[PDB]
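Spelled out from the first residue to the last, the chains are:
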Amino acid sequence: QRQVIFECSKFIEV
Amino acid sequence: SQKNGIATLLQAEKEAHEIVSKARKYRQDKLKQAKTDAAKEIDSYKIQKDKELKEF
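Same order as they appear, the protein sequences are chains A and B.
With the numbering used here applied, the first sequence closes on residue 14, and no number is skipped along the way.
With the numbering used here applied, the second sequence closes on residue 70, and no number is skipped along the way.
These are computed hints drawn from the structure, not numbers from a lab.
We put the beta carbon where it would ideally sit given N, CA and C, even for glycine.
Keep in mind that the hints are not guaranteed to be accurate.
Calculated pairs, DMTMM-like style, for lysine to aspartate or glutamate (alpha carbon to alpha carbon, straight line, at most 20 Å) [what the hints assert, rightly or not]:
(1) B/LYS39 x B/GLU27
(2) B/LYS44 x A/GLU13
(3) B/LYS17 x A/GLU13
(4) B/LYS46 x B/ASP64
Label-pair restraints from in silico Cβ distances [claimed, not checked]:
(5) B/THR50 x A/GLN1: 51 to 57 Å
(6) A/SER9 x B/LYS46: 24 to 30 Å
(7) A/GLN1 x B/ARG38: 43 to 49 Å
(8) A/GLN1 x B/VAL34: 30 to 36 Å
Based on the provided sequences and hints, a complete structural model is requested.
This is the structure:
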C-alpha cells in the first residue's frame, strides 16, 4: 500500500 | 500531461460538485419561500373574516 502511493504520486507529478 | 490531465479531471469534478450543491441550496431556499409566501396569504384571509364578523 506504500508502493501504490509512491508510484501514483509520481504519475501525477509527471 | 500526466499530472496536467489528472489536474483538469480533479477541477472538473470539483466544478460538478458545486453545480449539484447549488441546486440543492436552490431547493432549500424554495422550502423557506413556500412558508413565507404562505404565511402572508393566511393573515389576509384572517382580516376579511374578522371584518365581516365585526359587521355582524
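Task: Contradicted hints - numbers only - done: 2, 4, 6, 7
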